[PDB]
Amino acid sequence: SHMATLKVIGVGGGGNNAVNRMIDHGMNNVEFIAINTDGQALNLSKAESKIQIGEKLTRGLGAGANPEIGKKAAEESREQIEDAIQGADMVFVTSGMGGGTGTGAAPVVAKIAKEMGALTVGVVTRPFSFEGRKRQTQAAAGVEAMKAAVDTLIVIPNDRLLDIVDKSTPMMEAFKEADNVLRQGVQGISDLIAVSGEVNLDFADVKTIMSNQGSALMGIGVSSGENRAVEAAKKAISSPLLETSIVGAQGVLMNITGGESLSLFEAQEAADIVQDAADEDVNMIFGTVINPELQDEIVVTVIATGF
C-alpha cells in the first residue's frame, strides 16, 4: 500500500565519495543525489541527480575549507535542492565534517529535507587528529549544526579507522568500512519496508524510533551455527567506528531475519543481549522475518536512539 522513497544525498567531497562507492557496490530502490561546489568532482559523480551549488561564489571550485561558503552556496540553491528531494520519505545526508562544503552545506540540506517532512538522518565523519585542531573545531561546529537540523545523527570519527587497519590496509579499503555504516543502515531499512514480516516492522516504526531523536546507532550482524542469535546481536550493536555506542540507548528497533528454524528462545536471547548492553530499560520495537531461502544464517538489524 505504502512504498517509502529513500534517498541518499552526498554533500561535499567525502560525502560524494561515499555516494560513488555505494553506487559501485550496488543499491537498488535507493535514489542518490550528489551535491557539491566542486564541478570537477560532480562531473565524475555516478549519481543520477547532481546539483552544483555556489558556482558564482566559487567559479566551480570547492569551498577551500571555508564553511561559510558552503552554507551560502546551499541556501542560494534551496529551490534546486528541494526539487531533487521532492517525493522523498526518508533522506540520508552524508558528509565529511571539517571542510568548506560539507560543514556548511550539509546542515542546510538536512534542514530542507526535514521541512519537506522527510525522515532526515545524518551520517557524518569527524576529521583525523593528524588533520589538526582547526579542522577538528570546524567539524565540531558542523556536527552541532547537523544535530540541530536532522531527526537523527550518526557520527563516525575518522580516528576510529586507525583502530581497524593494519599497517598495510589501503586507505580506500578503510573508507569502505566507514561506508558500510551508512550502506548497511539504508539496506536494513529498505529490506524492512519491502517485506511483510511474521512480526512486521514498517516505515512508521522506523519513524517512531528515529524522528526527533538526536544521536543514533545503526548496525547489522550475521552469524551461523551454534549461538548464532547471540553472536549476530553482539555484532549488530558493536561498531568500533561509532561515536555513539549502544550504552544508554532507550529506544531500539530490532529486526531478526532467519529461516524456518528461527526459534522463540533465540529471539529472546538476541533481544536480551540488546537490553543488557544498553544498560537501560529499552523501549524495544521488535520484528521477525522468516526468509526460508536462508538456511542456517540469522540476521539481526538494530537502530538505537533515546540517548
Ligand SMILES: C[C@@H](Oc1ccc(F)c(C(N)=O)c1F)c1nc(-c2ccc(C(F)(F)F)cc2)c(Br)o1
The other form holds:
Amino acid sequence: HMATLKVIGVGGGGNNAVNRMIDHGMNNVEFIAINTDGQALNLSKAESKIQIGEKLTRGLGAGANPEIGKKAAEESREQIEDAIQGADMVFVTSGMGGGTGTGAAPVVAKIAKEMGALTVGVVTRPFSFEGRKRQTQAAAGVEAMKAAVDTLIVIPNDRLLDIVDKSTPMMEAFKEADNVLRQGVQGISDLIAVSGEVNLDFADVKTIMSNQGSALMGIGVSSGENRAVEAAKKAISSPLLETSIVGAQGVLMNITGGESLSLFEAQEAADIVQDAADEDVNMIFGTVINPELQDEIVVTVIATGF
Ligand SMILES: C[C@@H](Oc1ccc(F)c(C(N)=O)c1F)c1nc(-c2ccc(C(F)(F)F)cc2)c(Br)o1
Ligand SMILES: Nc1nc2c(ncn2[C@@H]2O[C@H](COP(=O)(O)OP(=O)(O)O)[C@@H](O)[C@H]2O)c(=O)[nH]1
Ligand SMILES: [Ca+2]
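Could you output the structure for the form solved in complex with the named molecule, given that the previous block was the form solved without the named molecule?
And the full complex, kicking off with our chain again.
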C-alpha cells in the first residue's frame, strides 16, 4: 500500500496556498485547483484545474456569495468526482468568508469523503479588519466544512497579527499560514514512505483522523539540553490554530531523532503530550531514527476528539 495524496485548493485563498506548494515542489502529491474565476485559474500551474460554475458565473468569481460557490460546485459535480478518483487522502484548503471557498469547499469535501478518502480541511477565518459580514459567512462555512470532512484545521487570520512586527510584509505573513498545510502534507508523505523503528502507517492516521472534528497539529524542533521537552512543548503550542490540545481524545505522535535519541527523552516528550490530553486518550506513538541527524529532534503531533 502507498497512499495516493491529493491537495485541492478551492477559491482564491485556497489556490494561493496550493500555488506556493507547487512552487516548492512536493513529490508524489497531486495538486488540484478549483475556482469559479477562470482568469485566476488560467494563471495556476496545477496539473489538474477545474473551472466550476461557468453557466452560473460566466467565468467570473462568486462575488463573495457562498450560494454561488455552492451552486457552482454542484453544477460541476462530475468534473470534481473525476479529478478526485483514486485518492486515499484529500486535503481541501480554502479561505472561509468569500463565495467560492465558503460555498464550494464543503461540496468538494463531501465528494472526497463519499469516495472513501480520508478528508482533511485546512481553512482560514477572515481578519477582523474585513468586517462582521465576512466573519459570519466564514463561521457558516467552517460549520459546513466540519460536517463534510473527517478532520478540520482552522487558522484564524487574526493570529497572523500576533507573529508579525509592524514591517513584516503581508506576503511573508501569508507564507506562515501556508506552512501549516505544507508541513502537514510533508509529514504524511514521510510517514507513508519511511519505515520507522516504531512504525506508524496510514491506518494509524485514519484511526486518529477519520470522522472527527476540529484538530490541533504541530511540529517542534530542538537540540541541546532539554531538547525533548522543548520540542514537545513547541509541537503542542501551534499559535496559528484555534484548537488547543487540552482534552484531546485521540493523538498521533511521532519522534524523529538521531542515533542518540534516548528512551528517557522519548518518555519526557510523550508525557508532555499526554499530560495535556484527555485521561482516556487513544494515543498512537511512533519513532524514527534518522542517522543523518546529529543533535536535532523533531516531535510531530496531531490531536483530535474534543
Ligand atoms: C512526522 C510524521 O510521522 C512519521 C514520519 C516518518 C516515519 F517513519 C514515521 C514512523 N514512525 O513510521 C512517522 F510517524 C507525521 N506526520 C504527521 C501528521 C501530518 C499531517 C497531518 C494532517 F493530516 F495534516 F493533519 C496529521 C499527522 C505525524 Br503525527 O507524524
Ligand atoms: N491567509 C490567507 N488568507 C487569505 C488569502 N487570500 C484570501 N484570504 C482570506 O480568504 C477569504 C476569502 O477570500 P478568497 O478565497 O479570495 O474568496 P473566494 O475565491 O470567493 O473563495 C478572505 O476574506 C481572506 O480572509 C491568502 O492568500 N492567505
Ligand atoms: Ca511509516
